[PDB]
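Undergrad: Residue-level listing of the chains:
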Amino acid sequence: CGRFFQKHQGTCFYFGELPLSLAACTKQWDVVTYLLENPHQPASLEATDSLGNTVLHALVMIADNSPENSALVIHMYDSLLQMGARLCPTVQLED
Amino acid sequence: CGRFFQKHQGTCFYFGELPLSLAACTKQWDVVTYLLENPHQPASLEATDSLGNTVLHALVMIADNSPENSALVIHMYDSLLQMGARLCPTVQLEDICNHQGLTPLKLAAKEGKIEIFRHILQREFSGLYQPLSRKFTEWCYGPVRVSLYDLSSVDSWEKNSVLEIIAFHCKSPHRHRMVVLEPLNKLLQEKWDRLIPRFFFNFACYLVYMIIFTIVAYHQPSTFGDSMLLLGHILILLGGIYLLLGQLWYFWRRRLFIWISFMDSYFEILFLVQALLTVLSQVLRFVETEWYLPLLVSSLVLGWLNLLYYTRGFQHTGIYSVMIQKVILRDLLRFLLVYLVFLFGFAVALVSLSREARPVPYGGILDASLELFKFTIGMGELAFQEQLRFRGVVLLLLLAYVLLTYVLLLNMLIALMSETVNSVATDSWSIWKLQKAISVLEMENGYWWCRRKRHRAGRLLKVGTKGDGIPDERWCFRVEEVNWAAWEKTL
Amino acid sequence: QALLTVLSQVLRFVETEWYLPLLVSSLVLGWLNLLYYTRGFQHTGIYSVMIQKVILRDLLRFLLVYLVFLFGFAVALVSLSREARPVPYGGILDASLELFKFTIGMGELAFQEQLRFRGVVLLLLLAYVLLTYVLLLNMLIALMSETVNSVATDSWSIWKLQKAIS
Ligand SMILES: NCCOB(c1ccccc1)c1ccccc1
Ligand SMILES: NCCOB(c1ccccc1)c1ccccc1
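Chains as they are written, first to last, in the authors' numbering: chain U, 190 to 284; chain C, 190 to 411, 423 to 558, 582 to 714; chain F, 474 to 558, 582 to 662.
Honestly, the hints are just simulated from the structure, not real lab data.
Built from N, CA and C at the ideal position, the CB exists for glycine as well.
Please note that the accuracy of each hint is not assured.
Derived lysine to any residue pairs resembling SDA-like cross-links, with alpha carbons at most 20 angstroms apart [as the list claims (entries may be wrong)]: (1) C:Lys712 - U:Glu257; (2) C:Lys216 - C:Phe204; (3) C:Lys299 - C:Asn287; (4) C:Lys526 - F:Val630; (5) U:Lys216 - C:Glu704; (6) C:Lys597 - F:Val630; (7) C:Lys526 - C:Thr649; (8) U:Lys196 - C:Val333; (9) C:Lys196 - C:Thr237; (10) C:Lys712 - U:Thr215; (11) C:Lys380 - C:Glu665; (12) C:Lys712 - U:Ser259; (13) U:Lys216 - C:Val333; (14) C:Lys712 - U:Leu211; (15) C:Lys597 - F:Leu633; (16) C:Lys196 - C:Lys299.
What the simulated footprint calls covered on chain U by chain C, stretch by stretch (three residues with Cβ under 8 angstroms from a Cβ of chain C suffice, anywhere in the stretch; the number is not a length) [said to hold, decoys possible]: (17) 204 to 218; (18) 257 to 268.
Model the full assembly from the supplied sequences, consistent with the hints where possible.
TA: Here it is, written out as structure tokens:
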């Protein structure tokens, strides 16, 4: 939670300032997997950022109407939702 | 150096009249290599032709906007630059002023070559030959790109620049499309944003001057009031002389411009005319001449019309002004020519008739012309004059005039301006951006009296290390852009 | 419209002569407001949306340029026609109204013989007509053709959004 990562005008890139949200917004299919299924300390998926956004919120935030950006956002959104269902079904991430 | 090879009109082909330049312009990949690396007598690469062009200059000159020609020129330009770096790195080929004092980039800008111009304007290579790059990328943290476009030979700080060449020295038909390329469109936008305060200050000063001029003209001769009138009059004279000097200095400092594009500016002409009419009006008043008032009032009208020079500091209204200009210059002068031919013919016809009976209508040519124009503006008197002996002929002649002029030509003029407004929609935007570019470039240098201090845009950012010891520096235009198509390929 | 109506009534209670302009403005504005309702229909709602786009896109620019022209030429004609050899162009309001008359097809384009700058006044009027009636009005028709063509699908979508809001 600094100044470059926080959403503002100028030099910036918003990704939720979470390592898992960074991996998701940066198309790291494997990093997110390791963070989620590392035995030493599994990485939570419901974790919110200082602004209140979750990985899904942030992954929407970077979404832009570019066809390639839209494809990336859709793919990672669906895949991360599926993973969230697989790991901890008891909690509904969409809400 | 003969006649066929020299650039002229007719049977010709310019290639720099050097064997190496000939090989380069003729896609001789191998001959150039042998000339450069023949052990017996290596061929120099910096060699200039009688005109001052080098091989790179020549590759620019033959450049045309054909996709195949552009591809050929780009490929040979890049490859030859790489070879020049490989053979003799110590000498920088991109910076070789020919006899006209133009580098290959400036030469491409002046000669209208757009594809080679944009390519040179934004190019990058791999680690090797990296210094021979104009666009860079410092870091790509995330999907953002910090593009650093080289501003060498393109910023306005230098005496002669690509921006100035495009604005004033280029005579290409559509040079307005080179000021929308990435570096130029962003740098020019930043400069415009920085200059909005001065653009509005110039607008406000001119508007105040025109308000004073209107007030003075409204209250003139046909104590305190006399004193205020006098100070306003002298203020108007001083303002008129100021605008006259400004326009005269715009022309003298830029005396090599009218011949390129007379109608590109076409407000410095109008501003000059308005200022001239103002000062001439004042001097004739000193002479106590009755021809004062027409000149002062013409100055008033023309100044109020000139305000629409300023009305185009806005996207919304500047494109409207550009498109008014296109309408006038495209499908209003033709209409006026045809309409005036019709009107003169029918006016002299009606005057010839209506001269024999059985307050005379159509008394002379002026009256008949004015009645016909009245038809044009929606108040033509179309009656059956019973007094003149050719009632029917005059009526039929008027009806024919109405059909040919009001029903046909005016409505067709509406149709033609619909067509022209539709035609010039994107070009209007580009031309407006060029107008902003010209205004910015004029605002950068101060007024004709104030020697403005330059402000050199860009950052002196150390980029890479040259093929030497102690490193180098270079001024670049730092640009942020969010990209995902490129980002998916950097993994 | 509602504010003007209530304010009109209270001023009537005050017995003020500025009642009638306010009440009549409320009347005009309410009758114009009825076009809010006229867009419960596909046929007419898109028309209303596209009227709005025309006004906001290529009517305010025309008004700005036209009023600059008109003020310049009106003060010019008033400055002239003030020295001879019911005075036309007596003041700024009269000259402006005559020029607008030109705009609406009712412009008196005569050769005033009484004033000493007959030719200058006539040429100035002819230039005003060429710049305004022949160029700017017909060009406004062309611009509104261009805007009507531009906003055809967007008009449908905007009308559907208007229905959604209602
Ligand atoms: N808005 C018109 C201002 O003056 B325009 C005009 C005035 C006098 C002579 C001819 C035309 C002119 C300049 C701008 C665009 C095109 C024509
Ligand atoms: N159809 C015009 C009705 O009133 B319009 C109008 C009335 C008063 C002031 C300005 C314009 C208006 C409302 C709808 C669309 C845009 C303008």
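Undergrad: Hint by hint, note whether the structure agrees.
TA: Comparing the hints with the structure gives:
1. C:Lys712 - U:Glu257: 12 angstroms, holds
2. C:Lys216 - C:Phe204: Distance of about 12 angstroms is within 20 angstroms: holds.
3. C:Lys299 - C:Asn287: Holds. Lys299 of chain C to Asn287 of chain C sits at ~13 angstroms (cutoff 20 angstroms).
4. C:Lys526 - F:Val630: Holds: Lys526 of chain C and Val630 of chain F sit about 15 angstroms apart, inside 20 angstroms.
5. U:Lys216 - C:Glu704: Holds, because 19 angstroms separates the two Cα atoms, which is no more than 20 angstroms.
6. C:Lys597 - F:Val630: Roughly 12 angstroms between the alpha carbons, so the hint for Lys597 of chain C and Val630 of chain F holds.
7. C:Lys526 - C:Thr649: Satisfied, since the Cα-Cα distance of roughly 13 angstroms is no more than 20 angstroms.
8. U:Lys196 - C:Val333: Answer holds: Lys196 of chain U to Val333 of chain C is near 14 angstroms, not above 20 angstroms.
9. C:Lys196 - C:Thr237: 15 angstroms, holds
10. C:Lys712 - U:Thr215: 12 angstroms, holds
11. C:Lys380 - C:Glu665: At roughly 12 angstroms apart (the allowed maximum being 20 angstroms), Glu665 of chain C and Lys380 of chain C satisfy the hint.
12. C:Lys712 - U:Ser259: 16 angstroms, holds
13. U:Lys216 - C:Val333: 14 angstroms, holds
14. C:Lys712 - U:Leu211: Judged against 20 angstroms, a Cα distance of about 18 angstroms means the pair holds.
15. C:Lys597 - F:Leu633: 17 angstroms, holds
16. C:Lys196 - C:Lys299: 16 angstroms, holds
17. 204 to 218: Holds: 4 residues of the stretch 204 to 218 of chain U have a Cβ under 8 angstroms from chain C.
18. 257 to 268: It holds, with 3 qualifying residues against the three required.
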